[PDB]
Structure formats: C-alpha cells, structure tokens
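Chemist: Next come the chains, spelled out residue by residue.
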Amino acid sequence: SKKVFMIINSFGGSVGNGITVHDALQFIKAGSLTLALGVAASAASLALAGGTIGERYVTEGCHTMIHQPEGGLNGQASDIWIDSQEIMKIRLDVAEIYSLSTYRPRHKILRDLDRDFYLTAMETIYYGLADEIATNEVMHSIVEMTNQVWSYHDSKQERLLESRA
Amino acid sequence: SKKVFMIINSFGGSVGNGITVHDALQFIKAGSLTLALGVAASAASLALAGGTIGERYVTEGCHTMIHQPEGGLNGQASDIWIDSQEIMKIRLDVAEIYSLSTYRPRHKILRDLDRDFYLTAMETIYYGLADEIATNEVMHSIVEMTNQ
Amino acid sequence: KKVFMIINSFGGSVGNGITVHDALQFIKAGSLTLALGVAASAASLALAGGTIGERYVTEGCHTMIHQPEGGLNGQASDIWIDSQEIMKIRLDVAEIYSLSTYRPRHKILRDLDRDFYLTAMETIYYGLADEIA
Amino acid sequence: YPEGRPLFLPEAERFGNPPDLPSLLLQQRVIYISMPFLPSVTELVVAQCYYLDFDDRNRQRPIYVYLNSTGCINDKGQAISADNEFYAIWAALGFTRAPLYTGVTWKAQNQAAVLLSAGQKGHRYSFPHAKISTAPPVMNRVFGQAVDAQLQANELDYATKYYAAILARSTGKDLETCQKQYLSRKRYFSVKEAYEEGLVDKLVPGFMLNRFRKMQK
Amino acid sequence: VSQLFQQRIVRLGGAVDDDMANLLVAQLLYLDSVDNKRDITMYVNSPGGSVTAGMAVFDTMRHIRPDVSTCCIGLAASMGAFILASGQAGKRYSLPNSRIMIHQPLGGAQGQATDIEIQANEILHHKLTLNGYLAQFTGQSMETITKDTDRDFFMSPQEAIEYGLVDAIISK
Amino acid sequence: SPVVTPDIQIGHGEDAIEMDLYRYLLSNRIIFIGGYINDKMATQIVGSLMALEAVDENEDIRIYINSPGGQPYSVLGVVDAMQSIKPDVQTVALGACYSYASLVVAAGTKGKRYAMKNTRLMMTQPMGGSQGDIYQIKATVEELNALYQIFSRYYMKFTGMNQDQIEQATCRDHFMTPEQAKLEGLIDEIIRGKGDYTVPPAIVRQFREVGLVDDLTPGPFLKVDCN
Amino acid sequence: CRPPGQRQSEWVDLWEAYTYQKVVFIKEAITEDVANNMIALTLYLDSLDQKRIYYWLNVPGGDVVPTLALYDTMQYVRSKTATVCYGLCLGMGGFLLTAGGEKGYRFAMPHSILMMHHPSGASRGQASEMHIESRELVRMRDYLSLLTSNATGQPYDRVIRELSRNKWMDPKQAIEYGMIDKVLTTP
Amino acid sequence: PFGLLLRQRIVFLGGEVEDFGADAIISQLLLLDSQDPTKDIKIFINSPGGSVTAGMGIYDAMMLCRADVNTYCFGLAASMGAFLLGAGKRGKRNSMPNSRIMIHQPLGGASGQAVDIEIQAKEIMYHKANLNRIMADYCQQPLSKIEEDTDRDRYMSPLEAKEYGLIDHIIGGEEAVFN
Amino acid sequence: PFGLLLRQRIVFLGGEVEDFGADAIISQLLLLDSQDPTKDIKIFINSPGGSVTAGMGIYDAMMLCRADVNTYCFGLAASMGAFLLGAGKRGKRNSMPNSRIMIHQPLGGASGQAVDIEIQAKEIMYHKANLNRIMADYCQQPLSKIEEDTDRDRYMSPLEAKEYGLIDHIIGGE
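Protein chains in written order, with PDB author numbering: chain J, 345 to 509; chain H, 345 to 492; chain M, 346 to 478; chain I, 8 to 224; chain F, 54 to 225; chain A, 12 to 238; chain L, 41 to 227; chain G, 17 to 195; chain E, 17 to 190.
Hints are supplied without guarantee of correctness; some may be wrong.
Here are the simulated BS3-like pairs of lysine-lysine, each with C-alpha atoms no more than 27 Å apart in a straight line [claimed, not checked]: (1) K205/A - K128/A; (2) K178/G - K149/A; (3) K199/I - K433/J.
Chain F regions said to be covered by chain G (calculated; three or more residues, Cβ under 8 Å) [stated by the list, open to error]: (4) 120-129; (5) 146-158.
Selected chain F positions facing chain E (in silico; Cβ < 7 Å) [unchecked claim]: (6) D71; (7) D72; (8) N75; (9) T105; (10) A109; (11) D112.
Please keep in mind that the hints were generated in silico from the structure rather than gathered at the bench.
Where a beta carbon is used, it is the ideal one built from N, C-alpha and C, also for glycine.
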C-alpha cells in the first residue's frame, strides 16, 4: 500500500535534524509507523512522535531521552545575544511539539527541559510520547503488518521475473 | 557540432594551465563559444579571451579579476635570478594575449596587471574581455542546437 | 603461451623477490624477461629467474645488486637468531645468482658486500642478461 | 555514432525506476541541496538545470528547489566560500522558462535565504518550524595594502546592492529599505512573522498535523 | 612577587591544582610561625579547580589561631568563593566591582560501571560537604543553598553582603 | 645558533663581580634593539629611555637598532616618546631595517643619524588584513589610510622631501643603500672603514641611469651588465 | 593482481576466478577484517560442492584471535583441505600450514621461509583482571602447542622449549620435523 | 631598568592583559600608596586587549589608591587600555600625540548547557552595561551617545579625543597630532 | 616555600609519584636521619597516586631511619599516600577532618611475549600479597577483610578511618 515503516535508533545528533524528520513525516498523506529501538535521543524522540498516533511502539530495552538544544556560539557582544535568544526559540519549539502530541500542559514539560533526564518504556506511555508497549506479543503484529505491505510490491516483482523468463 | 560551449566558473589556478586552454581553443577548426559564470581569474580569463570574437557572453552578476601570477621558490643566489626573469617573461606573455584579444595597448595592460584589478559586468564590455551582456535568449539558442 | 612481463623496480624488500622467483620456474613454458630503466635487488631476482637465452636488456638500463636489509629491535636472544636469518638469506640469493652466471660463489659474496651497479655492457659479461635489445 | 538522446517521463516510464536517490529526485524535477556551497557541489546544479532544459517537451512544469545549507557563511562566522559563487546559481536557475518553486527545510544562512524569496510569488513553501537568517556577507583572509582593502570593500558593496535588489522585487520594498531591515545586522526570522514580512507565503503542500488528523477521526 | 611574602600576603592565582595547593599551605605554615597575632591577607583570583585541592587549603586556614582576611580580586568562580566564605566574620572584604560565582565543582568519572557509581557517591558527598559548610557560613537555610548551586549564578558585591558571602567592601 | 645561545657576558673585578653585558651597556646610556618589535620589548626600550632620562638630562642617549621589522603600533610608540624628551638621541643603524626599523633611525636628531656601510634600509606602505563584515572592512581601510597618513608626514619632518617622492617610493618594495639614503635625507653620515670606498651595485645602476658608465668602459666597478 | 581475468565467457577478477576453481589465495596479513572474508568463503565453497580446498599463503604475521577463527573452520566443514606454501608464512601464518591436510597434502616451495613462535597479547588496567588475561594467554599458549604436536608428530615437551624462543625453518628441515609433507619441484 | 622606575613610583602596563599580569600591577600599586599617600603615581598603558574580569581589577586598584594617579598612553590601547586611560584623575591625563585609542566592547565565547548559555549571555550584557555607565562619568557625555560609539569598531585619533572628554592634555602642545 | 621548612624535617609528597619525584623524597629522607637521629620527622601527604615500585620506595626508606615518624594527610591520598599514611608508628598518625582517604589496588604493565605477561602477573601478585601483610600490621585487621577492601575503589571519611586502624587522631577534634 502506501504505509511508511521507519525504525528509530540514534544515541545523539543535532536537535535541528530531529525537527526536519518530524515534519517530513507529517505532510505524508498516508499513515506512518515508528518503532523505537535501543534509545531515543533529542533527534530520535522527535522522529518517534512524528508518526501516526496509535502506531507508535517502544520496546522494553529502548530508553527515551529528552535533551536541551546544544549549540556552538562565537562572536561579538552584539552577536552573542541574538543567537542565544534562538536557543529560547528552539526550547519553545520542542516544548510546543511535546505539548500538542502528548496531551500535556506546557508548564510541566518546560520544568523538564532545564535538566537532562532519561525515560524508560513505562514512562513513555505515561507521558504520551508513544501509545503501546512493544512487547513480544505485539511485535508479531509488526512482522505480519510489514509482510502484506511488502508483498503488494513483491507481487509486481513476481510478475516481472516470470515475464523476463 | 561546429560550435562548443564550455561554462567558465572557477577561482583559477596556476598560470601554466590557463595558457594551454587558451592555445587549444584557438587551434581547433570548429567554433568556440565561451560563457562565464561568477568570476574569471588569471587561469579563467585566458579561456575567456581564448574564444572567438563575437560570442563572448557575461551575465549581469558576472565579475572579472585580472592579476599577475604568483610563484617563487627557495634556492641559491643565481637560481632566483633565472626564474625571476621567467616570471617577468610570463607576465609579458599574458600581456600579449590581453593586448591581441582586447586590442589594448601593451603599456596599459601592465598597469592593470600590477595590482588585483576587479571588473564589473559593465566595464568588462568596455575593456574588451567580453562582447555583450548575456541574457536568456543568448543561451536559449545554445540548448536547442545541441539536441540534433 | 610464453609469459612476457616488464621489469621495473627501484626499491622494495628482497623477500618479495624470492616469491616472484619461484613463481617463474613454476610455469612449464618459457619466460621472457625484459628489463627497462631501473632493476633493483627484488627486480634482478626476477631477471635472473627467467629462461636462459631469453633475457633482454636495453642500452640505458641498469641493475642494482646489494645485500638484504632489515630492522631488528628487542630482546637479546632473538637478535642472534635473526642475525642468522639475514646471513643465510644473503647466502640463499647468492646461490640463486650462481645457477645462471656460472661463477664461483666466493666472488659473488664480495660483490654482495656493498652496493653494486652494472651498465648494459658488463651485464652480459656477468651473466644477468643475454643480449642488447 | 548514434546520438545519445535523453529520455523523459513520457518516454522513460517503460525503462524502470532510477536506482539511486538523487536520480529519483532528478526525474521528479526536484533539486535537494543538503550541502553548503562548495566548488564541487555547484557544478552539478548547473548541469541539472541544463539537463532539465535540454529536451523537455512542455518546459512549463514548476521546478522544486529544496535548500538546506549554510550558504557561504558557516556557524562560526568565517567565510568557507565567497559570495560570487551565488551569482552563478541565480543566473543559471532563472534562465529556464519554467517557474521556480522554492522551499526550505531547516536553515538558510544569508545566501540561501535570498534565494528563498527569489522564487515564484504565491508558492514560497516552508516548513512551520524552520529558521531563516539574513545577514550581510563576509570575506575570507586577505592580506594586502591600503588600496587592497578598498577593492575588497567594493566587492561587498556590490553584494549588498545585489541582495537588496532581489528583496525589493520579492517583498515589494525600496532599495534602501532592504539594506536597513535585512542586510545591516545578523538577525533571524521565524516562520510566522516572515509571512507578514514577505519572505514566505504558505507552508508545504499536503501538510497536516497528526493530532489534527486524530481530531477528524 | 617576593615582596608580598614579607608583608604576610599570599597570592591565590589561577586554577587550584595539587602543586599549587602544596605551595599555598607551605606559605601558611611560615606566616603563623613567625607571628600568631597578626592576620594574613590573601588575594583570591581563581576561575575554578579541583575538588580535593580547594578542600586542602580550606581546613588549614581554620587551624590558624589568629584570624585571616580574604579580599576578592576580579573573579572567583565556584572554588575561590568558597575560600572567601570560610574566612573570619568581619574580615571578608571584596572589591566593589568584583564578581562572585557559586556553582558545584567540576569532576569526572572514569572507570568501570561499578566504579563510576561508587565515585559519583563521593561527588554527591562532596556536594553535601560543600553546601553543608556554605550554609553555616552565610546563615541561610539549607534549601536555598542547594537550589542555586546546580547552575552558575553570578553575584554582585553589593548583593553579596545581604546574602552573606562577604562582610564589607573596600571603597575608600 | 641552532640549539642554544650561551650568555656572552664579561664581569671582572679585583674585589667584586660586575653585571652582565646588556646591564653594563644600559648603564653607559646605550640601548640595544634586537629581534621582533612586539608589544613586550616596546616597554623595554621606552622604559629604559625613561630610566636614563632621570639619571642625566643633558647626555646623549644612544640607541642601537637591529631588527627585521615589528608591530606597526609598537614601533610607533618608541618614535613619539623619543621626540618628547629633553636630550638629543644619537641613533646607529645595525644589520638591516625593514619598513619599521628604518623609521627609528630616521627619527634621530639632525647630525647624529649614523648608518654603516652594509646596512639595509627599506620604506613601504604598512600592511594589514581584512576581517569579516563590511562595517569592519570600511574600518580596516580607514585604519590603513590612517597609518599611511601618519607615516607620510613623519618622513616630511625628518628628511624634508616632497610627498610625491614618498608615494613613488613606498608604493612597492624599495630597498635603499646608505649612499642612496644620504641623498634622500634619512641619515646624516656614512660610516666606512680604513679608506673603504667600495661602490655598491645600487649606485652602479644609478650611474647607468645618468649615463656615466657604459658596457664598453665599465671602469673600476663591479659588473652589472649580466642581466 | 589488479587486472581481472575470465571464467568461461565474461570478465571476472583474478581472486574470484580461482574461487570458482576452488583455489583460495591469502596475500596480506591476518587481521580481523580479512578473516571475516575468509571464514565466509570457506562456508560458501562447502555448501556448493565437497572437494579439496587449496590455500596459498603469504602471511607475514598477524593476530591470535582471528587466526583461530580460520583454523576452526577447517575442521568444521565436511570437505577436505590442502595447504600449499609459496613465499613466506611468519608468526600465526605458519600455524595455518599445519591446520589440515596431514595425510600428504602440505606442499611448499624450496625457498619458503618458515617461522614458528609462541603467540602474544597485550591488555592492561586493573591488577585483578591482569591475572585473568594471563590465564587466557597461558591457556592459548599450550593449546597452540598441542595442535602442532599432533599434526607434526613432535613430542609436546620439545615444542614448549623450542617455540618459546625465536625459531626459523628451511624446507630441508621442514621434512624431517613433520611440518610439511612434500616439496614442490620445478613442474 | 624596571626597578629604577619602581622607586620613582612609575609602573608599566605592557603586553596582553592576563590574570597573572593583573595582580602584579595591583600588588605594586598598594605598596606605593602605603609609602607615600601624597605623591602621584604615573602609569604607562600599552595593551592590545585583555579579559574584562582581570581588567576591572586594575580599575578598582586605582580607585583604591588614595593618592592621585597619572596616565600615559603609548603604543596601543585596544578595548581595555582606553577604559583605563580616562579612569584616572581629571586634569592629569596625558598621552603621546600619535597614539591610537580604541573604544569597543570586550569579547567572549559561550558553550555548554541551554541554561548555561543564557547565564553568560546576560553576564556579558551586564559587563557591557557596567562598562558604559562607568566610562560615562569622567567623560561628561550622555549615556545614549556613549553606548553607540563603543559599538563601532573604529580607532580614535587623539585630536578628537580631547573634546570627547576621554583625555585632558596632549604632550606636544597639540600641534604634532596628525590626522 | 619548601626550603624554609626543610631544616625542621618537613617532607611534602606533592604531585604524582614518578621515578624522579619519589627519588627526591628518598634522597632528602637520608639527610634528616644523618644529622639528628633523636627528633621526629614530619611527612605531609597530598598526592593522587603514582607508580607501584616508586611509591613503595618511600615506605621502606622511612623504616630505614631510627628516629620517630609523624605523618599528616592533606586532601586526597589515592593508594600511594594512603598506604604511606598508616606507614608511621602508632599514636602519631593524625589526619584532617575533611581529607579523603582512597583505598585502591596498584596497577601493572607488560608489553612483550605471553611468557612476559605471566612474569609481570606474578610480580604484581607478589606486590599485592606484600602490601596486604603490611597494611594488616598497623591496623590490627585480619587478611580476609583487608583483601576485599582493596578490590573495589572506596573513598573513606576520617570518622570511620579511626576505628579501621589506618589513622590514630583527628586534628581539631571534629
């Protein structure tokens, strides 16, 4: 069909790269399924919340992490104030997406961005970053979901190999 | 394919490489149309002057930078006297190309070659390095003649 | 049928020259060795390893003949064991040259003491080549 | 001896899909710039618009330009390239008869930002959480005399005069207004107030929030 | 810099490490031995340093049977300001345009996963030792010291008197 | 010296040992300028000029200059401090002078500017570097024009030439011999040996420009026609 | 070996042409990355057909742990093996000569330089873990000597005394020591 | 040498201003005030820059000195020496007739946590605000005019420095100053 | 500085214990016993560690003198000064109330053959069994509990170091 299946595994990366892959999954017409494995950094947790609500799964071994925007600043005294205010705009940006997608107020999330803190799989469903726990039972449904969407393209592949032979 | 089209967009390099591209364009029997984008350095303006007179196009944002070539190395006392006569002869050799293609006097080329001389799109036509200001129409005929 | 290779080398270890030496005698057919420019100690072993009567050389080619070289560092005991290694390798490559030049072996160790260079004339007299191309 | 003619979308649909990801974007007439303006990456974008205007049948489909780069000024402030390289980009992009639909993903640092407003009016696409910055450009390390600093001042004089002429045609302002608003200090722009200023017009086509899709269900 | 040793002036300059802390307490062994009545004035100017190096000069100043005087010169970032607050009450002076910064001290954790948790307990014990001693020097509550020591907080010399960092300022 | 330079000094007495070489020469009102003229040694020459000012106000303070260049503002601080003292300063040029050490030997009093036979002098426009935005590029060209206008009227006061001769000389790299610098007014007296009157090749080129020597009659000079 | 060859009708590389001809070439040193390609090549030829595998070695030395990965794959496969020597096999490369083909399938050139010595290792840190890695290096030293004693027929007490120091062999002594089986002639 | 000027109560401020070079001038300034609180102290400033933390300690040391201070600017005064130039007593401020004066804000780098950036961002702004209000006292200039002249990174000739209020007298009778 | 107190037998073990640094401590230790063998020698401890054979050179040199030994710990002593803190006689082992006492086993080093690894293994196995016999002498502790204490890294406060037997008194009382 038209479903997009992305896998999430990143322990670092810049904060701006996570927002680009967030809205790259928003403007897709069809649904999107995001599966978090290993960790979820500041660039990876935004990709995890960018999927369709109801198809987000986090395994027990995966650990979601919320991180402040790290940046490199160098310039004069007039230039050091304008880019540090952009850090306040990015901190307003990542707290806005975390508020509209997790059913949480903006004040309680902004009390979490001042210090780095790692989250577990049980705290991911409680905050609202995901929907279900990716246990061994619901992982079998992910195997059968990616089998029908790949055989829809492989049925055309089976007809091209028989026509060439 | 009686005409070739080479887009010139580079910051330039050694002056020996700019001599070879200028001598090769004035040797082939087919026409040579040269179009510059950005700037034309000392290794690039010889390819600009290496084209035939009449079809040298530059855009409005195009600049032109003319300067004497650098070089030099470490050696003995009399070894520096040999190559300094060569740099002064190469500087006179590129002055012969700029005086022939642009019809400028030889004493006025070396005055502009003494320092880093930059040119706009307007004064490049007035100097003689190009022919007219490029536009959409001068390159729309280029892409339609190469299809057959 | 007949292998034809270009010999051109100015450096390298002589241990790799023994690998290309025995590979040339493994071929059942003849071998044509034509040296160009420089022939080092690893290159002269492939030049002498060819078939007798088909080793060509030019007028401007030279052949470098010298003893093996190595780097030794460490405990006191394995230096003495590796000292016999470089000695018998030098005695091995003397027996490689002796099968072609038909000279006594004690005179080749005197030429293998220092660096020895040959022009196109005395290469034929010393038996490393056959004729001038 | 036969001519190597190119194939397009009404003709190459029987030859299969392109194997590599830049070649899928080249068939879809979409240029994605994920690298700053290096001399290696500027040669392919000139050959790309030369290929799109080579043997196109209709020559009227809008070209999508997605830009994500630092331009010629990096994050530290020095010049990794010069401003003359952008003059080869706009002269080659605006040559074609096709309209130029311009989009931004994340960033446009002082060279890609003036190319963002230089597209077709009414179709400036943008992500709702991107950053736009318009600052006057800088020059690399030049060691010269007093008259050598004067000629380098004339190169940046033509840089502010050419960049404000693009912003005067896009935003509909005067020549001195764009120099005082944009090309004076290193400032930044968000997505919402840039629509009131005149940098962008709308968002990307087909954009919809995943929470707004849950409200419809 | 040898003229300050006869005037009972020691210099605390730069980051404090192991060889500076051995030299600083060596000058303190001599100045109290020649006279146990006159005070010792110290000019503190440090941007930080080690955890155990600043604690090696803190305890030896408490053993000096006359009082000491501490004067801030320029800046004290999270290690020199602890040396200011450990002085005698009524002898803590500072410049009117100086700067006082209070922050938790720096320190790494290199080793095994069992090793980095048993050595971070010492850093958590160093945080309770630093904030536990600083609360007794400033007269404030235990909560307000542990609240501002996590992030860097610069303090003006005018507001350092009401908070309890210094006692007076030398204006003249 | 490639690896190390030993302390070349002498202090000898029948009862007590004296100081080293540079401390003894500073007590005899002789200052040495060696190495690069940065901001560190600029306070050493000015500070020694104020040290010998308080000792005696009438004796001639002598400054020996041997430097291949220096900082343009650090070499500016030693000239105007030398012109704002009471006694006269006798300058002696040593080694070479590259566009900054030639200024301080020309800044001496008239009649006390002594240059040697094989001293190299040089006068050029000051250099510099562009930095960043156009608000600093315009500040850079206004700084290089300020350094060129200050150094222009320095040579007008000490040599008495015209401003057209300075702009034609400081346009490119111009090296001057002391026989040529005596005509320009940079120095006052040439220092020679025991009857040493050898002609440098800059004057042989100057004799070729006026028409005194040709290729047929080279005279008792060195060969110059090997160009 | 950079120009390629042909298999029967198309262009194939020289090392891969002998792969279809069941000849394995090893020219570089035994490292972790090249040992991953060798033990994946032994399982690929074992799955296709069951014939004798030929190994031509030029190893100038290598590590201990990736060499044991290639040694254990010789005994795991159900096919036969034969090691042939040309050039030189130094360090752990000489041990792979005595890996398989004990029943008259160990060939060598008459000018091959052989080398046998005890393996080595390096791991520092805590003093308590230094005792554990010393037990690993001791258990790797005697086990490597037990395989050379069974393949060459030498007594176990002589391999500990001789291979602890530096030891080098010519192909004339490799016959009487049981390290190789036959010597390759001119044809 | 330097010790001959020390007994005549003349110190030197040369080179780049560091933390090790800051307290060496402060320690010798209080020794001259304890010896003679009536005799003036002449300083010489030649600095191409420095830190704003250690440079303020030199300003507080001259304010702590009970005796009058005299300043002299030779060579360079870039962003730290021009602040210490006007900070002396009014009427006793001399310099060279061709020395350069640079009035510009200090520099600084910022890195680390997101809360760590906004602390040092307003700290260097508070250093910019404190350096503007202090330098506006002895210059007799308004605050809005002196806060924009320090933003321009252009040097100042000593001819226009006199009516600006930063300096009082010029050594040389005010005719040797070249534009 | 250090020379103004060296005439009154003041030894400062500053910095990392190296081959040249510890040798300066040993060479000045033989000077103090040769001039007067009846008065005490004070040794200050402020060091983050050092070598195994160099740090052992301070302990046996202090046992070579026939006079009395006082040891004081300043700041941190990590497995080299902490072993040298309890090296003095009983009754004159004082410590500061805020000084950190770090107990750790020493390190080793080997580069050559695998038979050279096991030589250095039993060489550090002999050094580990040597210091456990020494540290159990002045602490009155059995060998079972003193071997596991050197296994993991443990920073010890001087409140529990008094009952452990490593120190004797606390300067200041609290």
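Chemist: Hints first: check each against the structure and report whether it holds.
Modeler: Hint check:
Using a Cα cut-off of 27 Å, the hinted pair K205/A and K128/A holds, with the two alpha carbons roughly 12 Å apart. Between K178/G and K149/A, the direct Cα distance comes to roughly 24 Å. Compliance with the 27 Å bound is thereby established for this hinted pair. Distance restraint check for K199/I and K433/J: the Cα-Cα separation of roughly 13 Å lies within the 27 Å cut-off, and the hinted pair is therefore satisfied. Counting residues of the segment 120-129 of chain F whose beta-carbon sits less than 8 Å from any beta-carbon of chain G gives 3, enough to reach three: the coverage restraint holds.
Taking a C-beta to C-beta cut-off of 8 Å, the segment 146-158 of chain F contributes 5 residues in contact with chain G, enough for the three needed, and the coverage statement holds. Given the 7 Å rule on beta carbons, the hint for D71/F holds: about 6 Å separates it from the nearest Cβ of chain E. For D72/F, the suggested interface contact is upheld, since its CB lies about 6 Å from the closest CB of chain E, less than 7 Å. The interface hint given for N75/F is met, as the beta carbon of that residue sits about 4 Å from the closest beta carbon of chain E, less than 7 Å.
Hint on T105/F holds. Least Cβ distance to chain E is approximately 4 Å, under the 7 Å limit. Evaluation of the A109/F hint against chain E yields a held restraint, the C-beta minimum of about 3 Å falling below 7 Å. A distance limit of 7 Å between C-beta atoms decides the matter here; for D112/F the minimum to chain E is near 5 Å, and the interface restraint holds.
Violated hints: none; the structure is consistent with every hint.
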